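Here we start with a single chain on its own, the form deposited in one PDB entry, put down as structure tokens.
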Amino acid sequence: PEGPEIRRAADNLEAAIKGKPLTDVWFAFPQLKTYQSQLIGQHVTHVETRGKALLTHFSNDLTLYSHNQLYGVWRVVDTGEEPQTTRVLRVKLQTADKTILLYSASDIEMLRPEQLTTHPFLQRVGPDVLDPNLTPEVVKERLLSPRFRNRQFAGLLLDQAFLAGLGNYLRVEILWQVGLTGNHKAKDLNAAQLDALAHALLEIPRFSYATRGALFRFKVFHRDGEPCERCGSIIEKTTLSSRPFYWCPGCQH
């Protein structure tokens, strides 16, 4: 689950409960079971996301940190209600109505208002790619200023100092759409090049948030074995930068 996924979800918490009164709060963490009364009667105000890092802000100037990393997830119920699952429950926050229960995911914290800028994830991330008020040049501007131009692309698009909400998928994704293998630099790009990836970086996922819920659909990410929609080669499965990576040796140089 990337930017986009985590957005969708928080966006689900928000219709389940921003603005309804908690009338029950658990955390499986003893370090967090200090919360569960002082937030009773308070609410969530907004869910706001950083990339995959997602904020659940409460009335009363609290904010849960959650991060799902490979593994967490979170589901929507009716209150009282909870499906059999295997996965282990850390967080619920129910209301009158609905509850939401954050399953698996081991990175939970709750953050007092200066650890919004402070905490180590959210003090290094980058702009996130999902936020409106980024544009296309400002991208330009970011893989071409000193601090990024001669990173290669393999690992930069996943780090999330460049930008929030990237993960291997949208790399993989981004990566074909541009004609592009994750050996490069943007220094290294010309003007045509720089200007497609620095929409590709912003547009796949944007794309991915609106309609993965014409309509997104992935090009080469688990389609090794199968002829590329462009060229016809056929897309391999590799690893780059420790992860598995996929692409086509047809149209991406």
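Residue numbers count along the first chain shown, from 1. First, how it differs from the form deposited in another entry.
- Checking 61, 123, 192, 96 against the motion between these two forms, you find the hinge between the rigid parts at 123.
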Contents of the next structure:
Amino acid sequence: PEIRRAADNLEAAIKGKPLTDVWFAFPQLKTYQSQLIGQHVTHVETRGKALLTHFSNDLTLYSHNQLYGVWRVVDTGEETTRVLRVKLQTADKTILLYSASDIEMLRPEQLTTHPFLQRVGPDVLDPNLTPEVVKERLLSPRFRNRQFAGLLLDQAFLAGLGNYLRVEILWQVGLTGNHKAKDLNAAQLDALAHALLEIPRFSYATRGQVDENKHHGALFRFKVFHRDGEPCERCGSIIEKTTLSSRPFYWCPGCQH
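Now the other one: the form deposited in another entry, given that the block above is the form deposited in one PDB entry.
What follows is just the one chain, with no partners and no other molecules.
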């Protein structure tokens, strides 16, 4: 929805600024404190209800607030009943993590193997998530060999993808749901990599209030979702749709193959 706001608060506070002080409550983590001084937060990726705070040295602080965790932005100096776990501090700002337990420092190699992380992929409406990153994911050994039909329906791959976006996405790059990221030339792979973000962001950026369609058509129009029996704006073929089915698939047997 828009729960991806806590991450913006942290980025908006310490992103890019060199860390002047880093402190961790967990002893296992104390070893990363001095290593970060001088470094900065490149960005904060969201993953389900977790936060991945990336640093300029390739390290990544994983943290799941669960039931009580709560970040707080203060001023370098401003110092309450809750127990502090993490303290990242810049010249002007300092963000603080209180009450959390699910806290880990991960190396790039440990990202794809982390239990929770391999259950929820980046969110398509996440500004920091770039096409170049989606392509990598598409080509990783974990997905490169999956049919898009289900892959685009699997939240472990990418968060924010519903069946109504799956069909539209596939129709824009002319593909049927039986393709794999491994049966695609460089261009085809990149076309879809941009599709997965553009139509989802396009769809949302322009959503209109309810019942508004009664007097005004949205700027974003579906091309195959709920358009079975109508012609395809592209080639004119009658758009079909599967039954037999998880989520009703939609496509143009004419220009999708």
